[PDB]
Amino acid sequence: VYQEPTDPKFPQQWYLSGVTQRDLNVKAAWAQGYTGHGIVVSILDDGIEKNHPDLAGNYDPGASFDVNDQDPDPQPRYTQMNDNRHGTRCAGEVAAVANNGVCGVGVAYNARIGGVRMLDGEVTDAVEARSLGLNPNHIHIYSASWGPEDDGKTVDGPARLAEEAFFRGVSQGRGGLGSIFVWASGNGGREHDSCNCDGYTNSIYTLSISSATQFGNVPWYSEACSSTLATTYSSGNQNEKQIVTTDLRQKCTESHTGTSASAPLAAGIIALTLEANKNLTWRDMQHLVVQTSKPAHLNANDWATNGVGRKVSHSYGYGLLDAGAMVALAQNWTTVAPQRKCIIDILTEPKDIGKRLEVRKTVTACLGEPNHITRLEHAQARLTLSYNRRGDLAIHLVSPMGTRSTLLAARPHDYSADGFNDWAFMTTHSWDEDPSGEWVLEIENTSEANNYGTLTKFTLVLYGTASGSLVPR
């Protein structure tokens, strides 16, 4: 009975539907009757062309604001260079109108779509906070790709107002179920960037997404890190297709690219999922992504099986999003138990790093206490250390179940002598593992240089629950 969209560029949207099996399985969701009706998504970027012929029908002024000029109208600023086209491109990925003879379609082509104009000006902590915190009882899902420069030498994350916006969002947003913040993991591949150094994507409050090329490879621009959860398709080399969407000046583009094109596709899939079950919490949604995402046919040299039998990669997280599987699993999903937090201060004395430092600690994970965790979600190693050349460091963390997470890869351009100041390196790779037992932190100098420094604090922070586990995969 389901008739797929007739839009002129829909056949070019290879990632939505293909006979190849190299797609996001979105048609299967549409055929189950989920197209995003009733869900509200906001693009946090450089504005949205609200009168675009493929956006106007789904546009929601209630999901929109202009923080740069402080007015309700997120219309992009037009220039000869068309610099402010990115938000419009991303909006079309989520919610371009279907069956209207214009361009292609959004993943959630019946969802409502808005945009916050907030990148076209000075992006302060306050600007970020007011964008993240926009109308949080109306907007369900936020999509963003901003954060620290992808130069492979920066370490930065949300300051106080923005971090407060994240906690207010997931705590009180969406009727207490929590705002869904979908994030792109970064575009710094060429600079050998490592995305746990980006505190926005490295946050537990953001659902972080990386890219795969059409032929199933890790694109040139990709950043690997343990905080990433999953993957959607985006651009690659010049023989591979790219993302097809709405463009500035009421046009259509077939050349939208980069990890920033992956996050909106994920946001669209999450919109379909929320339509299938409006009662899903922000943590429920991350569980669904972990359980349903698919490694198959994604090529990486670092695929590893974790303690509960799931394949995970630092390039891809748990793999490609599967919209059909997401909406199926959502429908009778049982809400996860309240989030517990177990704080373990590991060191009894500072430790010289030298050539290599290994710190082993056996933990009980708050045994006997209300924060006892037997079922991990996110884990953080919050590290404070000095070092003379930061980018020469590589840091790994091994769970009791033997899952080795890369917290930090060598960053050749990072010459900083500033070290890390309580930086909360996060891994998703031990999700659903029992965190009781021996954890191992490894810090090593990857260079030949005689480097030096000291680890002064290592807090292992465990999040999760103590109930509801599945039989391991």
Contents of the next structure:
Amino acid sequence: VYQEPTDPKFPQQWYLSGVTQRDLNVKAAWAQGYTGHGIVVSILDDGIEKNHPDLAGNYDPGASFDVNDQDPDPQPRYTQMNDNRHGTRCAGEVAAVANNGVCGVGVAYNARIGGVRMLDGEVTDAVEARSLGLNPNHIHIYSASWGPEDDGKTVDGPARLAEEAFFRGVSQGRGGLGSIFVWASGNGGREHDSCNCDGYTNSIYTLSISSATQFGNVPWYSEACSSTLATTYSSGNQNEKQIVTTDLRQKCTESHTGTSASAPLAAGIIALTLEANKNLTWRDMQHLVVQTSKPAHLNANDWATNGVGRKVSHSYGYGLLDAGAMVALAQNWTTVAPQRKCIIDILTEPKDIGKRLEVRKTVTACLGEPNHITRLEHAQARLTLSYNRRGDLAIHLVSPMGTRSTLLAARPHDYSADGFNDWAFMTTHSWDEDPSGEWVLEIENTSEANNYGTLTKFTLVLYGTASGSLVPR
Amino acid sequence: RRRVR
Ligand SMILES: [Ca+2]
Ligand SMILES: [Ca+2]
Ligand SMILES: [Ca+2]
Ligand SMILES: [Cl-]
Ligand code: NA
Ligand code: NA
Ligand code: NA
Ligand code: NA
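What does the same protein look like in the form solved in complex with its partner chain, given that the last one was the form deposited without its partner chain?
After this comes the whole thing, all chains and molecules, with the earlier chain placed first.
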């Protein structure tokens, strides 16, 4: 009885549905009755063409603002180079109108879509904070296909106002259930960038989303890191198809590309999921992503099975999003228990790094206390260290269940002598593991140079609960 | 740029 969209470019939307099973299984969610109705998504970017033939029907001024010019109207600034097309492309991936004879369809083609014009100007901490904190009891899901520069030498994250916006959003947004923040993990693949050097993707409050090519490969632009949660399809080489979406000047494009295309698709899938259960918290949503994402037929050299039997890759997180599985699991979902936080200061003295440093610590994870954690969610290694050439470092963290997370891989372009100042390297790879027992931090010099430095602080921060585990996969 | 697309 469900009739798939008739839009002219819908047959080119290979990532929404195919018989090949190289897709996000979005039609299966549409057939269950979930198309995004009642859900509000905002695209934080360079503006949104609110009069676009394939966005006007879903456009929501309540989900929109212009922070660059301080006005309500997020219309892009038109230039000859069409520099401000980026947000309009992202928006159509989420919520382009279906069955209207124009272009293709959004993942959540009955959701309401807005945009925050905030990248077309100097993007300060205050600009980010006003954007992330926009109308947080009307907008459900925020999508951000932007971040710190992907030059492979930057270590940067949200400053104080933006970090406050994240915390306010997950605590008080969406009626106390928490704003959903979806982040593109980055385009720094060619620079050998790591998305753990990016505090937006590295945040526990964002769902960081990576990309896979049509043929199931790690795209040239992809950044590997342990903070990535899951993956959606995007562009690859010139024999692989690309993303079909709304373009600036009321046009349709079949060549949207990069990390920028993956976050909006994830935001659309999450919109469908919220429609299936409006009572999901921001942490519920990450649990659903972990449990339902699919590694199958994604190619990587680093797939590993964690302590609860789930396959995880630094290129892909838990794998490809599966919209049908998300909405099915969401319907009878039991809200997770309140989040506990266990802070473990690991060092008793500073340690010289030299060629290699291994720090082992057996922990009880707040045994006997109200923040006792037996079911891990995010884990952070907050490191403070000095070093003469930062990009020569590789850092690994091994959980008691034997799961080895690459917190930091070598970055050939990172020549910095600034080290790390309480940088919160985050891993999702030990999700649902029991964190009691021996943790191992490994810091190594990957170069033949005679480098030198000192690890002066290692705080292991565990988040999670103490109830409700599933039998391991 | 501090932040890029
Ligand atoms: Ca404006
Ligand atoms: Ca359409
Ligand atoms: Ca990056
Ligand atoms: Cl916290
Ligand atoms: Na709350
Ligand atoms: Na994140
Ligand atoms: Na243990
Ligand atoms: Na051991």
